[PDB]
Structure formats: C-alpha cells, structure tokens
Amino acid sequence: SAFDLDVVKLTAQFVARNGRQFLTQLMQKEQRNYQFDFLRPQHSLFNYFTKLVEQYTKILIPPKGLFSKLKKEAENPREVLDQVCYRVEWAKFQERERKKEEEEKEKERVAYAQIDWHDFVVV
Amino acid sequence: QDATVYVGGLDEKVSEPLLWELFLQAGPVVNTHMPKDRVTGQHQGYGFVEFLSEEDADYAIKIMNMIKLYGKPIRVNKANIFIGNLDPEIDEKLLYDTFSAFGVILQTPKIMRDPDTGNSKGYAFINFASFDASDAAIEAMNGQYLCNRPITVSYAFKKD
Amino acid sequence: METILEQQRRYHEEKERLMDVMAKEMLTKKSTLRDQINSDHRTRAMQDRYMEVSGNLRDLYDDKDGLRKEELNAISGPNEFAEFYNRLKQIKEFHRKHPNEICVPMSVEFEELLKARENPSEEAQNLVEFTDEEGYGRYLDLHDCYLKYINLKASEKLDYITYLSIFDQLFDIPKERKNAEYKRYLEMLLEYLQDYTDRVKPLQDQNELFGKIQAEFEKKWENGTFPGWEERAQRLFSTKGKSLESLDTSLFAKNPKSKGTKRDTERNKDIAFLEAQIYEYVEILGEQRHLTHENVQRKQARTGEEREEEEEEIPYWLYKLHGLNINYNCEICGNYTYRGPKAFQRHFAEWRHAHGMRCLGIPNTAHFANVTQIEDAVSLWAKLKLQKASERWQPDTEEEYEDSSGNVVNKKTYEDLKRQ
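Protein chains in written order, with full-length UniProt numbering: chain R, 160 to 282; chain F, 11 to 89, 101 to 181; chain D, 1 to 229, 279 to 362, 392 to 498.
Looking at chain R on its own, in the form it has when it is part of the complex:
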C-alpha cells in the first residue's frame, strides 16, 4: 500500500499548487490517459486524499514556515503547556457534551417508551 499512498501524496502535492478549483494539475491528467481512481469522491481513499490536500494547503500557510518563523511553539514550553491544557479542556467539554447528548437520548427513549400509542386521532 506504499505505492498508492505515494501516488496520493503526489496528487495532493500537485493539486495544492493550483490557482483555481477546477484548473489543477490533476484535472488535465485525467484527460491525458492517466488512470486515477482516487480523484472520484465515491472511493474510500478520497476522504484520505482530501485530508492530505488539506494538510498540503496548511503546509503552505505564511506561519507554516514559508516566510515566517514560529517563536511560541518553538521557543516557549509554557505556551505549549497552555495549548495542551486548552486542548484537554476542549476534550473535557466535548466529553461533557457527548454525555449530555447521551442523557438527552436516554430521556427521549424513556419518554417514547412510556407514551400511549392507542390514542389515535385522524384529522
């Protein structure tokens, strides 16, 4: 699976340098008798190819290392510790929201299994 991953990485690297949505280096390759089944969204590898293209687009950011240098993440452990604490707090908030959604689903299942299903009215 190394050759398919390398082809997907090459397609994500060639598609990230495009100046338009449809005017890319991979749309013209489809008409140039080159078989590429990862371009269609019906395949399961397209969801990974989109994430690879998003990572290639995020690797081209101006704070990603092209024309600037990161100082907080590279020369401050306290900022990295604060970011890790904020990520842990966001994960705890997401877990609390998932627990609240599970409690709401359990309450809706308890309310649906206790209502009267014999009082039918056709208007």
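Check before you lean on any hint, since a few could be wrong.
[To be verified] In silico DSSO-like links for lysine-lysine, alpha-carbon gap of 27 Å or less:
id, chain 1, residue 1, chain 2, residue 2
1, R, 217, R, 168
2, D, 212, R, 231
3, D, 15, R, 210
4, D, 24, R, 223
[As the list claims (entries may be wrong)] Between beta-carbon pairs, the in silico distance windows are:
id, chain 1, residue 1, chain 2, residue 2, range
5, R, 226, D, 362, 39 to 45 Å
6, F, 112, R, 226, 50 to 56 Å
7, D, 201, R, 261, 37 to 43 Å
8, F, 170, D, 84, 51 to 57 Å
9, D, 191, F, 150, 57 to 63 Å
10, R, 222, F, 112, 25 to 31 Å
11, R, 210, F, 112, 26 to 32 Å
12, R, 261, D, 362, 42 to 48 Å
13, D, 195, R, 231, 24 to 30 Å
Source of the hints: derived by calculation from the structure; they are not laboratory data. By construction, the Cβ of each residue, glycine as well, lies at the ideal position given by its N, Cα and C atoms.
Chain R is fixed; fit chains F and D onto it per the hints.
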C-alpha cells in the same frame, strides 16, 4: 478442519449420503458427518463434509454458498439485541453491513456457534449505539425478509 | 526530495502528535508522586523533541523562497508529475501493506498498561536522577552537606537542627567568614540545590529561569540590591559599607575593588554568583526545605522501631480379573505409563502414541504396533523401509550414444547424455 467444510441450513430432506452426493461435483468428499440431537434424535441442520484436498473444500465453500437446498439456506464454510433464525451464509462483517442501514453499530457483532462444529448455532447478539436504533430494528428488522430465512429481532434485557 | 512539502507536513504532524500526547498526559489524573514526576519528565522530553523538530523544520526555508517561483507557476505542472509517475511506475511485486505511516508515531508517543512510559522514554528511570532519601522531590538530602560542614568547621558542636537553622538564613550574618574555605562547600551546596530545583520541576523552563537569575544578579545585585536607612549601601564582594550612592559608584571602579584584593569582582565573582543562586534556590524551594526539616524532626523524635518502619516504607477382585494393578511403559509414546494388557495393545493405537511416533520421525505403520522401544523402533523403521523390492521404476535407459554397447545409463544419465 481445514480440509473439511461445515455446512449449515439443512432441512429434513437432506441426509448424510445426500450431502456427499451433492458435494461430489465440487470435489472428492471422503466422508460426511451429521451430529444427531439428544431430544429429537435427528440432525440439527448443521453437518460436516471432510474432503481429500483443501482446494476442493474451498471450491465447495465458494460454489455452494447461500444455496437453496431442500427449501433451506444451505451454505458451506471453513470449519442489547438478540437475533434468532439467522442464515449461516452471512458473516460478522455482512451482519454489520446489514445492521448499518437501520442504525449505527457500537462495535463488531458476534454470532453464537456450536461447541462441536463451530460454524453457526442459530442465534446472534448485536448491540446498537442508542435505543432508537434498537427500536428501529425491533420495528423494521424484526420480521424482514433475509436470505431465505425469517429472522426475529428481540430485546435481550428489559426492565419493567 | 520534497523538503518544503512533505518534510514540513511530516514535522507539523509530529508536532501535532506530540501536542496530543502532552494533552493526553495532562488530562489523565495522577495518584503517586513518582509516577507524576516520571510523567512530567516524559512530557519535558516530548517538549524538547518537539522543540528540536520545530528548530529543524524552521531552517528548511532557504531553498523554498527560490522554489516557490517554480512551484506556483501554472505554466508547468503535469510534465514533471508524469515524469515522477513514470519514476514511481516500478515493479509492484512487493506485496506488503505498511499501515505504520501515521500509526507508528501514535504508538511511539503512547504507554502500556504494565509500564506507563513512552517508546523514546522506555529507558528513563526515576531512581537514576533522585536518591531514596529525597522521595522524588518530596524532601532534600542534607546529611552529606552537614557532614561536609562539620568537617570544614572542625567541631562537633553542630547538629542537624543547627545546620538547618544556619542554612535557613538568606540575608542575615553568615556563620563563618566570606573569604574562608566555607565558600568552596557553599558552591557545592548551591550546585546540588540547582540540580534539586531542576529535578523537582522538569516541565519548567530552566534556561529562562537561569537567564532571569543572571539578569537579577547583574542588573540588581551588582548595583546595591539591599538599601538601608555604612548601612546605606552594602557590597557583597568587598564586604564593606558606603556613605552614599556616588561614593559607591566611585568605589565600584576602584583598584582594590577590581583586582587589588582577595575578594574582588575578578576572582570572587563566581562565589557571589553561587551564593546568589543558593539564595534563589532557598527562596524558591523553602517549602521543600521546611518539609525536609519536619521529616528530620520526625525521624529524630521517633524510636528505633518507628525509624525502621519509616525507612522500610473398589472392585479389587474385578481389578485382578480384568487386568488391573498392571502397567506398560510406552517409551515412544512420550514414555507414558498405560494400564494392563487391555490398555497395552490400546497404547499402540492412540493419539498420544501416534503423536510421539510422528515426533520421533518413524511413520505410524501396522508392523510397529507391538513395538515399545527406541533403538528397536529405529531398527524397524530402517529394516522395514523401502527395501530392494519396488525400486526406482527399474531404470534401464541404454541411450543411443553408441548404438551397440553401453546400457548402464539410468533414467537421468541417458537424459543428460541426449539433451546436450
């Protein structure tokens, strides 16, 4: 166990030489075994066919899969919701794909097997993500037409 | 190599995995002090690795400014892509899947249930950086420092409580002279206290704290950090007073104050820096020193057993008729011990005996049924092997290399003679 193929879904018309005669076109079936019950004294629908080579058993498993033998879903294989009267031709991944249309599955499902053969017992247990998927399985899947086998979905544990 | 595209994305993914591992380590609860210290050391090692990866990725931008003109050009494109695809069009006979492209850094930054340590931090141990008396940052070892102070003072009138009371002072009068040999022990006590402060908090920035301590020693301690109301201004190196600030500024550049003394700013600057570092370590770790003093008082007030406990923490006729009370030693069948004659023959046709014969190498033959030995078994497998009867098809080729003589060529000799 590798050269033998476990067949599931045999009716009363199928017999011990009948399975060897039906599996003779697939490969050289050397022996046929049918475990008899203790209360009824007959076959429980599951049997085994021991052939000479593993390629003949693989061809019999790939040829006689999900067949309609004696009005029964006969299939050969390599030897809180409860689902009963399920076909042995389906696997755990096939049951997970069939259960994915109603609701979301929490993990991989498991099917009960016999302690003697180990192919298919007849009942299975599957767990859903929430109670809405269990209610949709008890409303729609509890009585749906499966592969030549009327399944029945029910609740494993319920508190009044 | 795609150093600006693939390597930068790999470094960003490694930094994101390190940040996720740090967030998972910080989100998990702690139950012991040693496990928390080991988790803090692993988090500090992961932060150092992430800082090294960010420093390595931040230097890969020299050729990127030259290659951005060719990478962003829309006139180029699928020519070099088709050339790279033809370079990637080699033989695909290596039928092997590699799912460890992103799962291997995820598993390297994780721990196991038996040992809560990462894969780069698998060789780390808390016993190699702290002693047993310290308690992984709970207390501080001061017995060797007290012994060194008693050896330097040359007197036995100083106990551990007196040494703890003398070490508790920060800006008071010293116990000995500043130009004596006690500064050599004070520098070692400061170097031990700096390592104890760096071991008590590995997740804190030690370089920034050292730079702040150096800035406080240079900008404040060297310019009269202790004002008065000779008592107005005091010098730490010269150990003398001053009338006003102008007199101290004129005497700061004096000839005895620069190098014309034994305690000037040229030779006694390192001792003053070590004393300032010891004062900063005593002010920052005063709670640990108070806990160590309380533990020393509890050990002194306890008895011997309390100190040892603190430092330690039916049918016999039927049996004779059917053939019971008899056995048989099947050596080839795993040296098993069977029953009487009924099991004797049964022992030759069974699962254990068959497995033993198959493991011995001799095939399970009917002639070897009544056999029960090793050497005899090998002799039977040899003599009863494929004898002269039923030979190799009775080879008699007699090739046409002569047509009138020579027929000893077997099925393979004549074949090789006629092939070439």
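Hint check results:
{"no.": "1", "hint": "R:217 to R:168", "in the structure": "holds, 14 Å"}
{"no.": "2", "hint": "D:212 to R:231", "in the structure": "holds, 18 Å"}
{"no.": "3", "hint": "D:15 to R:210", "in the structure": "holds, 17 Å"}
{"no.": "4", "hint": "D:24 to R:223", "in the structure": "holds, 24 Å"}
{"no.": "5", "hint": "R:226 to D:362: 39 to 45 Å", "in the structure": "violated, 59 Å"}
{"no.": "6", "hint": "F:112 to R:226: 50 to 56 Å", "in the structure": "holds, 54 Å"}
{"no.": "7", "hint": "D:201 to R:261: 37 to 43 Å", "in the structure": "holds, 39 Å"}
{"no.": "8", "hint": "F:170 to D:84: 51 to 57 Å", "in the structure": "holds, 53 Å"}
{"no.": "9", "hint": "D:191 to F:150: 57 to 63 Å", "in the structure": "holds, 60 Å"}
{"no.": "10", "hint": "R:222 to F:112: 25 to 31 Å", "in the structure": "violated, 49 Å"}
{"no.": "11", "hint": "R:210 to F:112: 26 to 32 Å", "in the structure": "holds, 30 Å"}
{"no.": "12", "hint": "R:261 to D:362: 42 to 48 Å", "in the structure": "holds, 44 Å"}
{"no.": "13", "hint": "D:195 to R:231: 24 to 30 Å", "in the structure": "holds, 29 Å"}
Comparing the model with each earlier hint shows violations of hints 5, 10; every other hint is respected.
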